[PDB]
Amino acid sequence: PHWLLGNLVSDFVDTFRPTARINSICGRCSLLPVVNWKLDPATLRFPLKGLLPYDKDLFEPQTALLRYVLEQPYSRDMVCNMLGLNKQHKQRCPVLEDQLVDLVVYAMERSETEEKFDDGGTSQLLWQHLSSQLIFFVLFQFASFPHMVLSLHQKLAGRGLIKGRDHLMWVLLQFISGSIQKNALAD
Amino acid sequence: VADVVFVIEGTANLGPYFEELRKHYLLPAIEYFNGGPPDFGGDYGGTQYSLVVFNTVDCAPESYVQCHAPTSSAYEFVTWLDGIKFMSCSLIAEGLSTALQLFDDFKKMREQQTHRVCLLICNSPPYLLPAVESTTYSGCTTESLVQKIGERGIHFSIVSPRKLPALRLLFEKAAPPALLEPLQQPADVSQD
Amino acid sequence: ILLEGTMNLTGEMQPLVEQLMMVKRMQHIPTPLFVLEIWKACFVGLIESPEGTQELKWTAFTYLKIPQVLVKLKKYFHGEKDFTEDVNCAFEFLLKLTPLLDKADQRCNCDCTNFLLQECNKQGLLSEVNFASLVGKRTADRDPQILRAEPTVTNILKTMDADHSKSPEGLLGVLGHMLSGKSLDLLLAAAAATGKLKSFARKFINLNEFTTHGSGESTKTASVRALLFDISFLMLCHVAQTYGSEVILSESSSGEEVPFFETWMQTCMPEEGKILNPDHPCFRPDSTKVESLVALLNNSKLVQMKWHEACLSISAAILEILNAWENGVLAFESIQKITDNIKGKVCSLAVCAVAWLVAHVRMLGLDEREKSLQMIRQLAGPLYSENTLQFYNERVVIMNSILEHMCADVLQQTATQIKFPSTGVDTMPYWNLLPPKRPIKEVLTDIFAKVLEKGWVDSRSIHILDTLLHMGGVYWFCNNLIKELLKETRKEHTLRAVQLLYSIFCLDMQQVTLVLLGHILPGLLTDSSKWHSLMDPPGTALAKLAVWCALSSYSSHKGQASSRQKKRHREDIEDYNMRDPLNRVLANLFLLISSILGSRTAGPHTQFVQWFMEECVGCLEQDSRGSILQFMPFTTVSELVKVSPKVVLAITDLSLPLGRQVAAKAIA
Amino acid sequence: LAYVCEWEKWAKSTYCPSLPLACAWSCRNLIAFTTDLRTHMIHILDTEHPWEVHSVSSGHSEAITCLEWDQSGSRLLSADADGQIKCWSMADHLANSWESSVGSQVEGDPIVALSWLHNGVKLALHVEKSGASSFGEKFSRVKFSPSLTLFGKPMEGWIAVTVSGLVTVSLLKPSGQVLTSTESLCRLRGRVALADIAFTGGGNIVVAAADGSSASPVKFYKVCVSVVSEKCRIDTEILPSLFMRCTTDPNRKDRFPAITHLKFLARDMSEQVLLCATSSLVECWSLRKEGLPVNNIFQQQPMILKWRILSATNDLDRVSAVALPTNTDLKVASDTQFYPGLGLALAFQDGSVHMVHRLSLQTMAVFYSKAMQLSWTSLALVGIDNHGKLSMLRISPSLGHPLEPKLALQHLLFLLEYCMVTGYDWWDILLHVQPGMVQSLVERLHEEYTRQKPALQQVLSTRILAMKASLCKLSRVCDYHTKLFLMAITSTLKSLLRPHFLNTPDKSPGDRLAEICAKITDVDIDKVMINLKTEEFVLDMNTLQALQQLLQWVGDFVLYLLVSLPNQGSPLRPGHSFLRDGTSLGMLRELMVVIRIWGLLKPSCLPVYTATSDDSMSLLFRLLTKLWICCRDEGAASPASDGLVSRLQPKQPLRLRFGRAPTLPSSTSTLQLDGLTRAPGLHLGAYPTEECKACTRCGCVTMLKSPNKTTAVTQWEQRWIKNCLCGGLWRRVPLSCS
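Residue numbers (the entry's author numbering), protein chains in the order written: chain R, 197 to 232, 241 to 391; chain T, 15 to 52, 56 to 104, 110 to 134, 137 to 216; chain S, 248 to 392, 408 to 562, 566 to 841, 890 to 956, 961 to 985; chain K, 3 to 40, 47 to 159, 161 to 286, 290 to 312, 321 to 345, 352 to 395, 419 to 524, 530 to 668, 671 to 694, 720 to 762, 772 to 828.
Mixed in with the good hints there might be a few duds.
When the alpha-carbon atoms are kept at most 27 Å apart in a straight line, the in silico DSSO-like pairs for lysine-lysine are as follows [unchecked claim]: (1) 253/R - 752/S; (2) 328/S - 384/S; (3) 102/T - 783/K.
Don't read these hints as lab results, they were simulated from the structure.
Please model the complete structure; the sequences and the hints are all you need to start from.
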């Protein structure tokens, strides 16, 4: 706030911090075993406490929440009760899309951690359907497709997406096969 | 197929004339050598081509050449068409030696031979009368011509403007078939 | 306390009490909460960071810090709650948080009995009249809830090693020192209690020097003497590799003598020390240089226990590495000769090996032939299958291996993965631990973002920051730290972060604070960008840190951290009591204070110096000392009237006649 | 003595303790002035009229270092590397307008400039002596390949290693601005505080130094830059380490050096110097291959890089920048020639600069009364030594200390020819002997232009004309200077007008035909036009481009040439001009006949500009040819032509431009300037009373508008975007119309 006023407003919000803290719960690690409300944001910010709570642990979006949500099938209901409602007219590609790109970016490590010991166990045998349903979530979200290109930019950082070329090609093929005819060619 | 090479020199002489030169001669370089008006994947198979640009040695403090077109994916060349630089003789031989060494490197490592052809473009009647005091080449423009045509079977060509330079007479040393007799008033030929 | 314990557990007789008094009186000073904080400190460590001998150092530091706070309570204050009932409610508050002792038991496995034992030991001079009852009542909660706990054995061996022998007589018990060295290195823990560290090291070095005595006559007698001297030399080398700074300090603290400390001090250190390898060690002992190697290859006689050229054996190793790789006279026959040369009681062998590792890392390094050669060659793997007169081919061998591992560690790190010849239990806990493929722009997240919520110093981060400072520069250090600090916008977090920032500055506090002030504060009040930056309420505690570090700097606190001793070499006029650096530093501070008070422009820096003057409420202070030499600031005090009892206090600079006059002026 | 600069509303910021400063430029426009007076912006100014100072705000803090790569506009912009290489070329070279070359340096201080373009040039002067070498045996050229010589294409960038970190610098930008960052923390561990050496024999860059005399490891990391595309996989080959000799010296071990720099040739030179307070020990080391003397020490790969010492020197000194930045060869037995090479300079922060010849360190001049470097091989320096709020001054630049006029002029001509062949700006005039010998100099120039050319002068004439002009500038013969300037402008005008022959295909070319047009009839150009040809000369219906710009210009020039003839007894031995060439007059005749053809085609011809065209250029051309037969070749000047030209018609205007440059004769005589506040006292016309447009200032006379309001005259604009003849000094003089 304005540099004219002294430390009075700072001490004010300080001495009222315990009031909001009385309404705090915890660090909000994760609460989402749903297979179908609480823990449901609107745009990167779920809470409602009108006072001034503590640092970004309550301000920053619960990215871990989205990461844990997208790791399971039938996750459509989560984002649906969150933001999915007439997506063809409302879901104009919010920022959360890039989030799953990070998930796809994590897919790189799925092929970078010794390629899961060169497909030692069922790691890839599960990641296949994981990325399958991940691309399945892409229904009205291909807008700002350069995010995937930014993913390529994100793939340039470290350049650990070498072995992931096959899997990334596979998921992009699922995507394009799902949207081959009706979609525009240049897109 | 899809093999070309550009060498622009007439900056000060064909500054404004370059637009008409492109509209009349540079269009078939893509319309014929490709499907039509050009975003495509870029590979090293040989379908790609090169483009070299050279300036006047006089209006240049220390820099000589700025050649940049290894592959260009057949579209990046279309990107930097208007991205040329401007600057009386020109001494273009030092720039023709650049294309010489470039096609030498091509034949050395990029040999999968698609007999890549090369075309020169000038507006001033240049001549590097001093053929000495250079870096890695000590030949004249006629020696370079007979080396790039006679010794190397690379198809050489020079597209002159409506005027009559001396290269139209220097063409007589083009031993390989260049097909530079008829002028490209119709769509340009792959061998000018 | 965390930083001090993690940096120098020795050579801390009583500067830490001075810094404690400083931070106490120059802050809110609740004695009960004070001892609560210090106890939470001495117990928050020892559990999370250490894994091996670092835990021994931790418990030794705790049991040295408790007499420190004891004598603090004895000498500091007397006349109001004389450290009797405050200690009672302190230990009660301690007993309140049971998970503390729960984690203590999870770590030490005997924290109940060891806790009671350390309590009754500290009660040697602490108060226990009506106090042990509450401790027992608390400890009775874990009745359900063990070969030998470390705290009790340290407390027991404390006096046993203090009055160890007190008489290094001739032909003393070699078996006694043998049993002392074969067991756990509790002597390091005893020296860490600072009770005899310097004195113990001095007597040890004296015994080591006496055990040379040139040569001997009897075969078995000279053999035993050489074995004992080599064991003692290796023990001294271990004491150096553990801390060194205090060891090398006590080696040449005072006196008038010149023994062979070069081979004992200039062997290795956390620095290069290798450019001088052609200068100092490369002597010319042409007599018996290679003849000693031939005699060692033959006899694996060794009766000549003149281990003075033993450090000079780098000269023989010259021709060794020559005929081995340079001249190529032998491939492994020379290796066999060197192996026979490093047979039992091979003490300086590790020294020459580290010296030649330094010579090779100073060499091309791209060859790496001699590097891996000396690595696999000087390895203590072979447990002396032959009749090597070592007698401790297991304990002494493992200690020699861990010594060679400790030194030249980062040197071998320069090459690829070394053969790893140590094969111990736990390696060095502290290390570089820096992401190579990552810039230094990391303290914001890996350090500052954590401590933003982490109300401690996180000893891992302690060593990380310590290594980061001497690897960079204090200027950009403080500049980056302050720049990242000016985004809190939460006064509680601001105060937390600024207190931690003052904390980290230790071991370099004087020069760090001086450069910080003299570089930021002029810029912090002269540029519009810095104006808008310091325009935040977080900026209030910046001057709080300023006055807090200024007094500690003006105090006669040496703080000679050997980790930063070699780095403290500058030259600056500071663009100007006496002609002292901190003196004219504070003088320039006063000048900038007056200038920021300049009229015709009321910027946020005006409020900044206003908060600074508000924070000048302190005791035994030096802010605007007002000395009779050239101290002008007092006049600027009149301008502060434009901004009261605080004026009456600040004007009270030195109770001078002119001081009284300006005090009266301000009084109206 | 002179060269008085100052500052208007700045100071030393007494509240601020200090700040290290720097400035360096290889080509012209030397000044950078990394200094925070009263952090702050960056400065730019040329050696000519330095008072016209320019500056531009930076995009960082504390402004650690900055350095250029080529003669073109490029700076470094350290402190996290924001504002890297970006040419300006917009209106002039006095406005940064930095492009997006921002290297991804997070919390770093990049201090290094690399990605070199070509092979250097040597100085085989004494082995040549300019006898008959024809500039070949004098300026040798080593044949090797610089780094990243990928694609024979020297890509440009700044792949380096910063000062704060020890990892890498990236974002080399050949036409694409590719970041291509990497990670190599100089063998996975280290700290540094020194600057970088440019390059070794092969393609490598090696530098490391951390603490000083106490801790003195000098590590080195051989590197290979260009391996893969779209990425950098720089290597970290450990090289032998080094130190400072002072560590073993029992005199004092408290040195702690802070410079440890060395020249660009990492062959045998290592110039680590001590930086005590309290001491100054300079040291030249060895970099050659050697072998260890490991033999005879017992019964009984030798090549080991043991970088030993070569020489040392113990004195007192504080700071310095460079010793001799261009470079001569070896086996130099030319002690008789005292060229400015193989030297060194030290600076006293509280004092002056001492220059001493290296490898002997015997004695030299003292130069009595935040480091300063040299301009070029010539003895030229700048006074950025800041004892507070101090500007820059000048000192004795005399490279040749003994008195030897013949040898002095020999060295002068050698350095001038080296500058010309390098295509650099020439500023050795500050070392000139008394201006009377200047003639002899330009005399030798003509020999160098003709005798030992041998045929290169065909392309060097344009540059050497302005060269010798600016040479005779600082000399009583300024009329010769402006005459040479007019010769230059007319020559380039003719050379740009000639290629306009867009003729139909004929038996010969228009160039050689217009050249042979000189061998034509005596008079009546209206007959010469039908003698040669009149049809194939039209090229555009919108030919109305030279009338308002060039036709009046050439007409005024030729008319002044006419009226100059009766001015034989002028206050000058050659008066205003010579008119003794004829060849230039032949070009003028070609111009007048072609514009006659133009008037026949386009009625927007060149009038007589006053009245009474009864056209009138006929008698003009007649008298020009009359003096032509007196000025073709091997002929003297005539008396009838005198009477014919003496009288004047009602068609004779005046007030010609005479494109020239303002003077700067401040050798040791006089300079009326300060740090700022220039006190006031064109080719395509556009020279009104007071400028009301962009009016892009230039080197000598142009000051032409930036847009020029052109429609098809773009040939001139596209021709003068780069430097001009005596027109590399493209200034941004404001439109302070009055």
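How the hints compare with the structure:
1. Using a Cα cut-off of 27 Å, the hinted pair residue 253/R and residue 752/S holds, with the two alpha carbons roughly 22 Å apart.
2. Annotation: proposed proximity of residue 328/S to residue 384/S holds, straight-line Cα distance about 24 Å (limit 27 Å).
3. The straight-line distance between the Cα atoms of residue 102/T and residue 783/K is roughly 26 Å, inside the 27 Å bound, and the hint therefore holds.
Consistency note: the structure conflicts with none of the earlier hints.
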